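Quick setup: one chain, the form deposited in one PDB entry, written in structure tokens, and binding and motion questions come after.
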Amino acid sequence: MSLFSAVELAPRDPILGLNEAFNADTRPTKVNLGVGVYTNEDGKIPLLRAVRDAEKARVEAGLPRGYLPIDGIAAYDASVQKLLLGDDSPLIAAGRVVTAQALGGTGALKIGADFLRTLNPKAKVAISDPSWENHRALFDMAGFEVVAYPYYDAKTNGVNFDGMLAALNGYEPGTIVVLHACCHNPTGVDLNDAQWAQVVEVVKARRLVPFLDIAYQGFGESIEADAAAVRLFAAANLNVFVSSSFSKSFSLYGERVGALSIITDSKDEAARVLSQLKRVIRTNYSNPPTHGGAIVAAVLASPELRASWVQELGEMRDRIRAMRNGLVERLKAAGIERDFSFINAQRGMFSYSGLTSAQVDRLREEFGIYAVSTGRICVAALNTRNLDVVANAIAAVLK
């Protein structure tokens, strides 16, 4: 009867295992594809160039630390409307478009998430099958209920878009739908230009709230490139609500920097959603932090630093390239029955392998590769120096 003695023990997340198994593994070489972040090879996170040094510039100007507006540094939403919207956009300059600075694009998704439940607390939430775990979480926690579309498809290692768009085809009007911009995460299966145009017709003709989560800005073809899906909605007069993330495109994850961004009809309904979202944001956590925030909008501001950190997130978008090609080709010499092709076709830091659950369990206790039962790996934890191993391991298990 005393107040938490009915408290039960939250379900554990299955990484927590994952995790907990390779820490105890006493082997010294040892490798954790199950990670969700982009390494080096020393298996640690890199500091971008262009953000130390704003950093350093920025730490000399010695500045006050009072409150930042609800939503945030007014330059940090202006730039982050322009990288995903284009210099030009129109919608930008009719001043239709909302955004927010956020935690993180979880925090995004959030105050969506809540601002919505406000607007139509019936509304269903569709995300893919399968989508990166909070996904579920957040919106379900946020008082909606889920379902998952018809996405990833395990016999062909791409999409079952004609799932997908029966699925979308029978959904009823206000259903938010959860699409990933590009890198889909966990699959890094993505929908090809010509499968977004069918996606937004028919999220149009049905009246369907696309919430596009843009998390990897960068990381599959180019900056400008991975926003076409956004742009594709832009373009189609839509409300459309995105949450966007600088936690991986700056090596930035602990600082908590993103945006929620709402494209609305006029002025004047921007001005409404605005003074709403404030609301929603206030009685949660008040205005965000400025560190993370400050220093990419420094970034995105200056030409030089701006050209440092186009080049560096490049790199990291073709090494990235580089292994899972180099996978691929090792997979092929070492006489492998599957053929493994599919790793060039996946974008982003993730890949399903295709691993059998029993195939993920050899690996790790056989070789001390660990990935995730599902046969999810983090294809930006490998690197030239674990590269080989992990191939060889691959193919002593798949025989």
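Numbering follows the first chain given and starts at 1. Under this definition, the rigid core comprises the largest set of C-alpha atoms superposing within 1.5 Å between the forms. What changes on going to the form deposited in another entry:
When the two forms are superposed on their rigid core between these two forms, the C-alpha shift of 2 Å or more among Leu68, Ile343, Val35, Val372 belongs solely to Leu68.
The rigid-core alignment places the CA of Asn185 less than 2 Å apart between these two forms. Once the cores line up, the CA of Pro303 ends up 2 angstroms or more apart between these two forms. The rigid-core alignment places the CA of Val159 less than 2 Å apart between these two forms.
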Contents of the next structure:
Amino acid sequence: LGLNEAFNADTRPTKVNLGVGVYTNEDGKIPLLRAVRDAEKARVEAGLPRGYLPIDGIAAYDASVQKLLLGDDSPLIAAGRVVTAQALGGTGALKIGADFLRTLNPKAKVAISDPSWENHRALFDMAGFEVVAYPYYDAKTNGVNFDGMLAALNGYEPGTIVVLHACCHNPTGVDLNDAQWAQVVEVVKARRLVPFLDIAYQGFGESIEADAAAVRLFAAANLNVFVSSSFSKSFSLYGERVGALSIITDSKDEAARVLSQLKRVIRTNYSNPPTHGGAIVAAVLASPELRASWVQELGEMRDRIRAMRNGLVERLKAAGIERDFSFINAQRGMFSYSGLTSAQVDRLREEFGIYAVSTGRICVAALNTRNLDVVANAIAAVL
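Same protein, different condition: the form deposited in one PDB entry was shown, now please give the form deposited in another entry.
Chain alone follows, minus partners and molecules.
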């Protein structure tokens, strides 16, 4: 809210907001996705109210989410080992998961990445867990401190909840590769830790299918895996919390038990009907034609971000900056840690009207061909 307020108030014509957390197109606008336009045109032509879903609409959405996570013909889905609770009513899946995990073991510690989105820490701390951080981002290499990460996990007590970004790390853009995911899974299993995967940016990293790899690797490790899906970013629905909580369990018997406890926890805590936005996502993911349209456009969006990462590195070079910025191309999703100091971020803002987070976080999705040079040349001046 605050960086944004200051940017909105800045009277200079060449100002750029890299502090945001949403996708914009080449024109610098928040897109109305074709699938969303088309789901809405269909609802209006049918004469139905906002928020509408057909009789089997919630079930069809839950099924569609499980398929996005695990693949259209997964055996886990077959064995009855996946439970999903919709989060279409403005209570996000992360909150539903935190509340559910707190019923199972309120004394658990929660481990989050160093650094992590403000809301990971706030959510779990507010919920009553002791929150600790595992080593993750390494400012010296612009990569992962993986030795530090595994040593931390290897020291945690059984039942410790480990919150992992499946892909598109917020705020750093630094993701694990598979050698790393495999080793994390092995430690989580050996130490009896509880993995809670946040997948809010599925489709913004490598592909919808590739971005779920961490979920598929955990699901194959014969343990209970908690997954918070969120779709507001991929659907360009600013402020929505639309998503779903999925739990992959180690047996059909464990799924029956988890589902009965989950139902009781949700009935006790909240009954939130689908929002306008939540019903749009449900309608789109339920329809093969609309879904295909979303998949295609999300690809275009993912590819524009990749073009901006490539472009920024090239323009930083062209501006004569001596530092190696190749890490920007290795980072994934909407964000990068630029590596600028807080003083350098102050200068960018004050002298050039380029707004980044004090941590150096920039939103690469806010770049376009009309601001690349403005941004690159300003960074060069500050460095």
